[PDB]
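A single chain comes next, written as structure tokens; it is the form solved without its partner chain.
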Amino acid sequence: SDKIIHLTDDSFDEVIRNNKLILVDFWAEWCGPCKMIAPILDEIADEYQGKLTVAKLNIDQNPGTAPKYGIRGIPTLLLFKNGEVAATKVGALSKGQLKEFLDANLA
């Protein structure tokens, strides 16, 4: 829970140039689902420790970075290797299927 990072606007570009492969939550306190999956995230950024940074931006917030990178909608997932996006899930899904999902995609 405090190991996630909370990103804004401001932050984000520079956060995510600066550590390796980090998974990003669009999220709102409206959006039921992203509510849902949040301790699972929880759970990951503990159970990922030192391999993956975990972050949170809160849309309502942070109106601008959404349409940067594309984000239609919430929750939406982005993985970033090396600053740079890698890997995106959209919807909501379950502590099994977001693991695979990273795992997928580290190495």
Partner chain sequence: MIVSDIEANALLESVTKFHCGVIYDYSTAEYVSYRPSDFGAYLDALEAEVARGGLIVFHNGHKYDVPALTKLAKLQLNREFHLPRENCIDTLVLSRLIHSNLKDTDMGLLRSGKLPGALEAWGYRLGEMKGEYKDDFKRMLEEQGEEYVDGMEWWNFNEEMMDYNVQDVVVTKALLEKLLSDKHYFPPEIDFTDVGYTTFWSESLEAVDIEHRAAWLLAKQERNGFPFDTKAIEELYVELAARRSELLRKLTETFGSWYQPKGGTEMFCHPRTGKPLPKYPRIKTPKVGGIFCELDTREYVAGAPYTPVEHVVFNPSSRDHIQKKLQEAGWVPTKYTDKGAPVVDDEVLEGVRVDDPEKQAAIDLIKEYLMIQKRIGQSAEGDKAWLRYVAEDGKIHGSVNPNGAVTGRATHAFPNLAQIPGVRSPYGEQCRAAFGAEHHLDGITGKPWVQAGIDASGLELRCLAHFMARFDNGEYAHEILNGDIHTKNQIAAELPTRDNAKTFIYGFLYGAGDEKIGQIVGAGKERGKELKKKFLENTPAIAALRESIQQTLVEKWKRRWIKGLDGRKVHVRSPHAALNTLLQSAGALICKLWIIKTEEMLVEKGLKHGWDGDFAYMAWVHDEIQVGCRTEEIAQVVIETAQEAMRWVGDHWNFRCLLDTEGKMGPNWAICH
Given for the second form:
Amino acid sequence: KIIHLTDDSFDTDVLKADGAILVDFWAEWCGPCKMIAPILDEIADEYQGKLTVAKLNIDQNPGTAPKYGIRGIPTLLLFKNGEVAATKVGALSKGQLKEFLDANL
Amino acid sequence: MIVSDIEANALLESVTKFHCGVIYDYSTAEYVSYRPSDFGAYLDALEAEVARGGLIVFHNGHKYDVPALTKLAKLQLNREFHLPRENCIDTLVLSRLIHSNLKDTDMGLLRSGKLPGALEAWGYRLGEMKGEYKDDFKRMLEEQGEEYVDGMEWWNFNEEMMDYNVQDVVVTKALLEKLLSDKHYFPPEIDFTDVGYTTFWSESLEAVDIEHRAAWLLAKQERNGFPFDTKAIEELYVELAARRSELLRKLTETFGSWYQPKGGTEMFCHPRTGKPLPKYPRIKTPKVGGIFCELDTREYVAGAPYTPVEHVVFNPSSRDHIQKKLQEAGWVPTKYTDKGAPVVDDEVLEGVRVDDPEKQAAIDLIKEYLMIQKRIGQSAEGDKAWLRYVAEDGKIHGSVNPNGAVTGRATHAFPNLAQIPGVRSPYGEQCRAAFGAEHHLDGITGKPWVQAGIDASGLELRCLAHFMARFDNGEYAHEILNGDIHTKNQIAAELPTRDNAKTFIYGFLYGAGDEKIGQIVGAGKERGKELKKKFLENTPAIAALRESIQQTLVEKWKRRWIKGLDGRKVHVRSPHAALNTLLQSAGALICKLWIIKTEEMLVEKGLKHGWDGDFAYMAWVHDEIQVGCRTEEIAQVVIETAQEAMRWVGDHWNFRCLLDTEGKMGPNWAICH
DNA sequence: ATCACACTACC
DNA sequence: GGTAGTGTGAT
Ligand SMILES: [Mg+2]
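Now that the form solved without its partner chain has been shown, please provide the structure of the form solved in complex with its partner chain.
Zooming out: every chain and molecule, the one shown earlier first.
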């Protein structure tokens, strides 16, 4: 369900998606990141055909994060037609996420 | 004998006013203060002590008070004033000789805190005086609601300053008597505070006379400075700066930037167990924030934790960064340091081998980058860079502690002119060429001066030959000047080539271990105990020398010091480095008396020391001197005279090995190597 | 072996 | 602004 992005696929997979893309900038060594990961898996299904959950590991793809000024992780960037609509930093709960999306959608 | 000290408005380089001075006369047992308008009288009292053939005691007077008074007398009173060398005693010079195992703050230029070991108390008080006077000044000001500026405490004379001047003399006197109570340097049967200068020098240990002459000569060398080619170094700086940039561009392309945890306060705890996870990065739990009612543009949400991070760019000067990237490339560290980090120096880097050919090539760029920074920091960007120290007269006036090392060797600093890159190293020729007599134009004719570079020949090996003559009857010494000791050591060590021997011996004398020894030994590092064993076996005199040195120091210690060529005690730090201590100390003392005699001989030949004269000492780097000469004819005379003085020194101390010097004439340090 | 000083990284 | 930790520059 979730889209595993790379630096080279980010432009076309995210910026030119034209649909609803929630991106999660994460790292294997971040405690909070490990927390929202399970959540996102559930959000992907429930919002299938309404939103697209994509993840970008910042150790593996060091080029994209800087362009967005990431200062903390996990970072949730909700892209709409190639632009940043909403934004949220931190391991939200299943409820907090449902609210973030439902609202911003 | 009188003890004195002065207070003036600035360091020697820019002093213009005498503020006050104090004199304690042993013959009257009294202290007399001299205020600004008593300057002439102050000078008269010092010259009266000289007329009586007396002694004037200063603490650091050789480098400061004495030349300062000459300068000040000329500027303020139009008077010619020159205290003769033989009438002056310096307790700092005396302290550095008698307490040669202890460090000092070099009169407040070095912070006491970073210095290892203990510090002699009175000398510590003297070195802190300027800082303490400053602190008083500042708090006395604040009391009056006034502001404090740069170093305004030295602009005008005041009574607090007078009180500190008096304190310096009470402390200097105390220091003087404590040093004078060392029977090893001063025979107890003589009251040295009650004798003429000639008696003081002849009745005390030779080391005392030698150290004062060395500090007097080197003080002048500091005043002379080393002609420096600023433009040439500013251009080298542009060249190195562009190469540094290009290497940075190439490296940050090969090794991309990454993210690291930073700014976290709260410990991350397992959400299930609640168990603290110290190994995980720190986090920050947003105090406020919510989803939405007008949506909340805020990105944070109360309760939802996150890991604060920073973006870090690859830094070639970071061994940590280099260590991280090379391992992520497959490098498995073979040797680590005592703290948990793997060794990342030019040697290991030279042996690293990774798969990716690009990252493999990036290693050389990294080694180049490090060497470039080393040059940039030393010549331009470092705190003590040459470009920050070049004075208005176009010269760098490096400082020298004439007896800074335990062995009797001198130490150099601000900047250290004893660590200029050699011609045999990258950019060495350009660095070296920037220091030279050619960069000084004659004050009258405007013509460049010439440089005379002279160094003692194989001094270390001859000192060894000397001390082993008692065991081999001059054999080793005989081979040095009439055969080939390098082939001789080669055979004794069983080493391959003759060049292996030069590396082995010079290394054997400067420490080194079996690893370094066995290293160039063809290759086979380690197991270099065989080479270092077969050697001492076929050169029994050396082993014998070592045995005698030990029977003198141990059994717990019988004695913790070695007697130097001039009688001084030379603290031995380790029974294993004892022979080294003995040899380095002898080389140091030979070279010290040598530069002294060389200058005395030039002066007895009619040559004047100074830029307004015939020659000028520019640098003394252990076993070599660089001297500036007005003409080539003078350069040749200096070269010849340095050889005579070296031979005079060898004869002076009955050396069992003939001592020699080699001299080269040219425009700068690069040509006089 | 003796010693100066630079640059990173942490407080 | 000051301290370690590591390394390089020279004899
Ligand atoms: Mg003084």
